[PDB]
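First comes one chain, alone, set out as structure tokens in the form deposited in one PDB entry.
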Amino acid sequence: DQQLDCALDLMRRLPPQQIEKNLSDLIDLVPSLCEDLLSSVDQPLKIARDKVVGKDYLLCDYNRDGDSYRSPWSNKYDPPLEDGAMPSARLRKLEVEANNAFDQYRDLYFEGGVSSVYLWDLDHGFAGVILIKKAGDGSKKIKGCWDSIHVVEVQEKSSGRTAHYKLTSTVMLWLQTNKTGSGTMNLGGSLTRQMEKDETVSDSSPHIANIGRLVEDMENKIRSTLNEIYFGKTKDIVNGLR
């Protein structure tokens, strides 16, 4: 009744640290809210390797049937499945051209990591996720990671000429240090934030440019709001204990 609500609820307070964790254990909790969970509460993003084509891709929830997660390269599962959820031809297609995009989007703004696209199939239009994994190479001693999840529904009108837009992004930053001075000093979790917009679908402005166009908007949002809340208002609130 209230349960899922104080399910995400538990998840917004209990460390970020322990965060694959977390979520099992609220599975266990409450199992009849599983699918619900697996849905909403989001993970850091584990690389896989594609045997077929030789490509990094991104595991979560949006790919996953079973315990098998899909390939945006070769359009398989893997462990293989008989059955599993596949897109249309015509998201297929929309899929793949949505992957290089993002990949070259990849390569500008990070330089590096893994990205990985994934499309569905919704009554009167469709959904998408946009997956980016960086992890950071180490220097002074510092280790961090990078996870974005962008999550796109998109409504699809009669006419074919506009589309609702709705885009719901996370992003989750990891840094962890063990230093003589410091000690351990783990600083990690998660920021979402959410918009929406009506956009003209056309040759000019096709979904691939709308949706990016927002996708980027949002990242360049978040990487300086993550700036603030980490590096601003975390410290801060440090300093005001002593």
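Numbering follows the first chain given and starts at 1. Just so we're on the same page, rigid core means the largest C-alpha set that superposes within 1.5 Å between forms. What changes on going to the form deposited in another entry:
Comparing C-alpha positions between these two forms after a rigid core fit, one residue in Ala48, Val52, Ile208, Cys34 moves 2 angstroms or more. It is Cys34. Taking the rigid core as fixed, one finds a CA shift for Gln194 smaller than 2 Å between these two forms. For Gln17, a C-alpha deviation of 2 angstroms or more is recorded between these two forms after rigid-core alignment. With the core held fixed, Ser68 shows a CA shift below 2 Å between these two forms.
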Contents of the next structure:
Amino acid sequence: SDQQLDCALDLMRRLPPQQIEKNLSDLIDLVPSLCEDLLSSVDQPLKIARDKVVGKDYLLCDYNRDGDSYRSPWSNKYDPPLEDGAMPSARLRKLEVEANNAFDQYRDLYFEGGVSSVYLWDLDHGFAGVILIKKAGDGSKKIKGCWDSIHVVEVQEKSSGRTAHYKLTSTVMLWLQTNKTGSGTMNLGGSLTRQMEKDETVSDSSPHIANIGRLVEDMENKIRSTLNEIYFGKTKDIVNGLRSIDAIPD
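One more: the block was the form deposited in one PDB entry; return the form deposited in another entry.
There are no partners or other molecules in what follows, just the one chain.
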């Protein structure tokens, strides 16, 4: 079980990234004992639901989940409905709404489409949150892709609330596929996780969301840079070592 976990994780890192949902399902079909452990620690594509009250999309993750229901950031209601689903405090809920709006603009500006959601929760010496972004690239038989990012941030207020410590853990999943005459079918799939910690000043002009916004924006700009190198540089260098157009000397 402890070792079976290690094996099921290593296996999911090694199988085809386009097959996560099927492979993971299949992997649950043979060690059901690790079902919950697998569902939470394996990177999966983000799922979208529609808020039935106001008709807007939101994203699903474990942090807006209670039992088999999920809480919408728009209406603050669970679906399927629950009498006593876990809710943020009135004060945290206010900040959650400000965060959803600010990150919606961030998404519009860097992604020009897709869906984003933010859910917050309380901690002893501050709070935490998740920022989810999904942008799919549909509209061509020749070229397809999808970006999914998840950012977990932990905030610890310090110096009587004049500064705070921020801890960010971010994962981006990225898939691309082209079907062209010269290069045939090319499929690139995978992911990258990064962590960053910063103290920043907190004030009227630099409030928590602005600090979280800057932290997430930088993290995604750095991750994007690194994926570019790894996806379109490293794998290419490896292709070019398998075969050489010019004759190999000696």
